[PDB]
Amino acid sequence: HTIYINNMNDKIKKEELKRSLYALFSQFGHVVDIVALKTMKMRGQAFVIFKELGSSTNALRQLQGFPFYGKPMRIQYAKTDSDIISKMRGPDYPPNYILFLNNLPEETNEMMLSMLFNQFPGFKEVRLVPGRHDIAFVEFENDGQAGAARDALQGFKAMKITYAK
Amino acid sequence: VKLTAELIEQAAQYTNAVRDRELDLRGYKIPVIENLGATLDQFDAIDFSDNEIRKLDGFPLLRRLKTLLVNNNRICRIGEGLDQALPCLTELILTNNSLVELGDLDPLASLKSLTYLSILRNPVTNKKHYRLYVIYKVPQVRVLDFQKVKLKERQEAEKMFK
Amino acid sequence: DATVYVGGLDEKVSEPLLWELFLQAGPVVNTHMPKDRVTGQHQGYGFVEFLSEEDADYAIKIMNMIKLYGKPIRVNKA
Amino acid sequence: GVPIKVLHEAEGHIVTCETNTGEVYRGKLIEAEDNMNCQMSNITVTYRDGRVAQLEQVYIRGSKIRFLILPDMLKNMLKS
Amino acid sequence: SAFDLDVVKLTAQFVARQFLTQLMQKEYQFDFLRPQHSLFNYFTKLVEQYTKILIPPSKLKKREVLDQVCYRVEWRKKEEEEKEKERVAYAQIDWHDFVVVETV
Amino acid sequence: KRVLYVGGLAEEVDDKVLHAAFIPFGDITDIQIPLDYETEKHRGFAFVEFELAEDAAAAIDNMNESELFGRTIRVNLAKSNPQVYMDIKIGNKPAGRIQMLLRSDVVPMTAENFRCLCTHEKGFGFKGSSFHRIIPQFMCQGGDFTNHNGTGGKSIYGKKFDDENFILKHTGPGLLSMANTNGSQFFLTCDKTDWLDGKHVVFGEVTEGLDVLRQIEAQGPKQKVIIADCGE
Amino acid sequence: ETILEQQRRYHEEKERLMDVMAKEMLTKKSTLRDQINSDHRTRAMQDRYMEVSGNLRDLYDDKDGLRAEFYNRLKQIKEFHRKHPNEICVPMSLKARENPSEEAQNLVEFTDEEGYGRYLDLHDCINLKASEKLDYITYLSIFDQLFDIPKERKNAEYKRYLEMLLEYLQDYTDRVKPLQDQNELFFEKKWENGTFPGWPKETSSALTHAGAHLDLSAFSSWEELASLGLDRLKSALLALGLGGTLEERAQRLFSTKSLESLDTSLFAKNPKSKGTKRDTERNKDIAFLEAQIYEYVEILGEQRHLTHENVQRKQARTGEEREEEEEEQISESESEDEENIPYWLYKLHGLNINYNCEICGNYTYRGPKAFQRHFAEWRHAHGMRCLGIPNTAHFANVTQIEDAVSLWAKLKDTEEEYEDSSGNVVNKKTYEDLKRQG
Amino acid sequence: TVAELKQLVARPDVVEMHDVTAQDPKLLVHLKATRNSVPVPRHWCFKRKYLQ
RNA sequence: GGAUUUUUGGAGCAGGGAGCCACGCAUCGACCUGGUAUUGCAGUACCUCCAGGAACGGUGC
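Respectively, the protein sequence lines represent chains P, W, S, E, A, X, Z and L.
Quick note on this note's numbering: the first sequence kicks off at 1271 and runs consecutively.
Quick note on this note's numbering: the second sequence kicks off at 3 and runs consecutively.
Quick note on this note's numbering: the third sequence kicks off at 12 and runs consecutively.
Quick note on this note's numbering: the fourth sequence kicks off at 9 and runs consecutively.
Quick note on this note's numbering: the fifth sequence kicks off at 78 and runs consecutively.
Quick note on this note's numbering: the sixth sequence kicks off at 3 and runs consecutively.
Quick note on this note's numbering: the seventh sequence kicks off at 11 and runs consecutively.
Quick note on this note's numbering: the eighth sequence kicks off at 16 and runs consecutively.
Please keep in mind that the hints were generated in silico from the structure rather than gathered at the bench.
Just so you know, even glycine gets a beta-carbon here, dropped at the ideal spot from N, CA and C.
Certain hints may be false.
Within a straight-line C-alpha distance of at most 30 Å, the following computed BS3-like cross-link-like pairs (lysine-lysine) qualify [as the list claims (entries may be wrong)]:
#1 Z/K422 to P/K1435
#2 Z/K169 to E/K83
#3 Z/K73 to A/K155
#4 W/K164 to P/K1288
#5 P/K1357 to P/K1394
#6 Z/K139 to Z/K211
#7 P/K1281 to W/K57
#8 P/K1284 to W/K57
#9 W/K57 to W/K129
Far from chain W, some chain P residues (derived; all Cβ distances over 10 Å) [stated by the list, open to error]:
#10 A1348
#11 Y1363
#12 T1378
#13 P1400
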């Protein structure tokens, strides 16, 4: 639900950064909250939290490398769940980095899913090619990127992608 | 699905992430902005994202409204008396709408406090000199399309259009 | 709606074929089918109290399909 | 006091509060104590210079309140 | 129906000012042009309306509005009842209480 | 109001002669001539159905008491919103014709279903079916042409269709309303039946033959009441 | 955007509104009649209908039923006329597009909402028939404009002003009725026989407040008449006449300086003097307000009389009478504008003993046999089944909503052998998916 | 608690009003649901002495 | 029934001058130009450093 952004121009004052972040990311869904600090450790970064998960995936794919205050932002799925999400809401391998399932045909193909899977630096295994063109086996270096790809097309109007749980 | 006091009265109301009172009008398929009187001027900003509004017009006098998020609508024209109904409008997000001609952005010159403006994903964006035109005609803007309006651009926009 | 009024019946009918008859639809909890004492015979109209009201409104919908002795049976709310 | 009962009646409603220093706090009244101590939420504050801010949670001491504006929903204690 | 509406209203916009009679021969979308197609009628409306807008292209400076609405206002049940009575009585009299006089 | 009775027909008159004599008033949809199979000749009368009621009206005015094949003929009503008819037989005896207006303007799907069930143009309909439930001062119910007891029937759309609306109310006698889950069963009201408002879809009214409806009601069934013929 | 379409839609909406307020004027002619009558006494020229029509409440042949509602609809028509005036204002101020109309061909949508949503947006009458108010003015409430003592224009509440007046005269010799007697003064009396000295502070302040009240009341009670027209009329009468409008054959010409003048000559040469400059420069607002109080009270003579009457009545009531009357005014105020022994036996049997079921409305049951009968009931099963807890015996014990939720949670995989001999763990559907893949 | 006691049985329906007062419910729960055994007659808690 | 949320006080006092325009002192804060450092998965008094600018804002006398 939360995306981690880095490579941000740290000269922007904190309250202005957060307000532009809110504005920019509102186009994909309701942003619940934004965590951004200027400490040495955290400067140039921000966590953007969305109510809907599909919104986070769409944001990630569409704004990857978007010029913001002069620099191309780098977006990724956060490592952990945001405190606000955990409070609003209330297995050991999950989150997993291998999503195998089918329900994604229609002249779909391996260079197609390979470029969609390619979008992610995690691009490791891609199995979509028999007469099928409808069974997708995706091994993504890490679950942030597998989760990024999965969260990006998390409802391919409905495809079925099942992590190797 | 007309905008309504009844619609407005059951709408999610909350304090947003940037600490402002915001009203959630998103995703109702509203076509025309109307009946805002019923909000009673109690909101810092209104989220009108993902609707079908054609014209940014029809507002009552709203003294507290400072932020207008109007993402993914069909805005093709901006009303002429906007400063008279929204005096402190400071941030206007118009991403992914239908403004096509530079001249259609002219009514924003009258919003004296307008400081944050976003018109990305509008056809008008690809028009020659779009950025300089906005800077000269709406000088009160400090951040345009999430980029700082710089002095050199102001001067350059002073030459062209002088 | 818990109760219904039922008209147009033949005295060979009694409280039992009403019991059996309307519980075919849904159970009659309280049955009332007057026995007239003077001439010892029935006029043929009925009152039915059910478990709750839903039983009896479905009963309004379905209920007037019963035909007692080739003849028509009135069922309405009360 | 009669006014105090009417204040407790406004718990759960949106109210406006001015302090002794003239800061103006508008939002939902969560709890009102007998001494006028006020817990509120999702506030808009308007300072003496005119500027606004937003707060999630506040609590103001009764003594340091100048007044409160309550809904008109209450107006309809006419006995007294 | 947005498509149909839009094409009707557009061809109506142009038709309001020879371009359509040429379009038909140049280009089954405009099948409403023939009075056969039902929608045609509504078409005849729209055009008229547009034709009207061309009328006072002059400002309207209209008390008066009220007077007008009154005049528009200015511009059966009992009967039905009486008829009903008649039907009742006619149905309810002895047509066998004869007492004739002559014949034709 | 589209069907006309035509009597006083000479032996030489047949469906061709009738078509030619009445077509000047407007298009005709049907011409029926009852025959006596023992003689192979008609019985002196026929029914002519016009496409438009207005044309049927003009025909009545100009053809009644006119001459056809040397003799005087008799023409009159036999019994945009469709008008349909049912000829009713009670026991072994013809009772007459009920003419009904269907409110396609208010309830088009409901009106169209009943219209088709009168004409049989979808392959099934009301002809030969009965009024199986008749309650004096209330209503006469029919249209169960499959089971004949209130458990059957079917619409032109399938077993059942939605209640379109409840705009038309049960305000008095002589109204058509759907029994019900609409299929083919319907009733003709014999009084104001306002307790059914919002529960049954009203879709038409009797325009001629209220007296025939009263004859049906008189059997409330003591004798079989049959739709001997029907159409538009 | 083709202006033709916009101007069209405008003329169409205007038509719609005219049609609406015309339908209204139709159902209850009083709406217009009432209005028009008042208008008659403000703009003398106005032609008014035949009296017979007014009385019989008819416009042509049909006499309509007599109808708070009249006023309501009048304010609704007021906002309607506002909309109309706005639209009229903005209004006063091909292949290319047909090609773009091809955009997004594939939408499965029925579109019957342009003239229907407008026609509907401005028509009479809830689900079917509960509130006469149109969707346009659904949040219109008269009680927020009229107090209970005004009865939607029937009376004007002057008791309050009687209070303030007592505070002004610094005594109590003045009764409500004597106060009304004072008001009556308001073309010459209020000027030449003033209750107090017209240069008194308290007095001028009072007069201001009162004047304002009377005016707002006036326009409040007659929405349908053009307020601006009336205002301007009065203002022009004030400027052009109120020029020595008061003339006496003996004393000459009076000036609102509170002095007379022999002839018009000295009167004119006095309107430039330092005195009159001072006064007209200090007491202007008050003089004007006085004047307004005058003319507005004149226009409301019928209401003034009506109220004075009311006062005398209530005054001559008893206790019970006054109480019942108040009850009536109250009801009129808060009413819809459109109307539609075995003692030991019950202990032995176990009844009339206090008990409660939690799942049902925290309901109370007086007997244990009865509560045991609650377990099979319509409402009890509705709470269960609608709660998501299915209705069966299993649950025919516990009352509290919580525990049966965990109980209902307590209430509510094959191997298809792939060819590599590893698919003995593989599911049926999975191996079918590998059939489609194979 | 009569609530939670209903989670320990395959057929908790067997538990009734007075069952929670049993000296050993933690068993009787397991007996009353025994396969082929039959229920106790119901005429007690009715004070009518079994017939009228 | 004068000792922190009411009735026995924390109040009291201080701004004109110069030619419509402009202003003493002290403290704190963003803040604005350049340039420069950091590429770090968090829930926050603030947040790189270097030089220059403040006809900036708040508080007290």
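Outcome of the hint check:
For the hint linking Z/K422 to P/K1435, the alpha-carbon distance of about 24 Å falls within 30 Å, and the restraint holds. As the CA atoms of Z/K169 and E/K83 are separated by approximately 21 Å, the hinted pair is consistent with the 30 Å bound. A threshold of 30 Å between alpha carbons decides the hint, and for Z/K73 with A/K155 the separation of about 13 Å falls inside it, so the pair holds. For a cut-off of 30 Å, the pair hint linking W/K164 to P/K1288 is broken: about 35 Å separates their Cα positions.
About 34 Å separates the Cα atoms of P/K1357 and P/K1394, which puts this hinted pair outside 30 Å; it is violated. For the hint linking Z/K139 to Z/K211, the alpha-carbon distance of about 55 Å lies beyond 30 Å, and the restraint is violated. Distance hint between P/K1281 and W/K57 is unfulfilled; the C-alpha atoms sit about 36 Å from each other, more than 30 Å. A hinted pair counts as satisfied when its Cα atoms are at most 30 Å apart, and P/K1284 with W/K57 does not qualify at roughly 33 Å.
This hinted pair checks out: W/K57 and W/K129 have alpha carbons roughly 21 Å apart, not beyond 30 Å. A cut-off of 10 Å between C-beta atoms confirms that P/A1348 is not in contact with chain W; the least separation is 16 Å. Chain W leaves P/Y1363 outside its interface by the beta-carbon criterion, the shortest separation being 33 Å against a cut-off of 10 Å. No beta-carbon of chain W is positioned within 10 Å of the beta-carbon of P/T1378; the least distance is around 27 Å.
Non-interface status of P/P1400 relative to chain W is upheld: no Cβ of that chain comes within 10 Å, the nearest being about 38 Å off.
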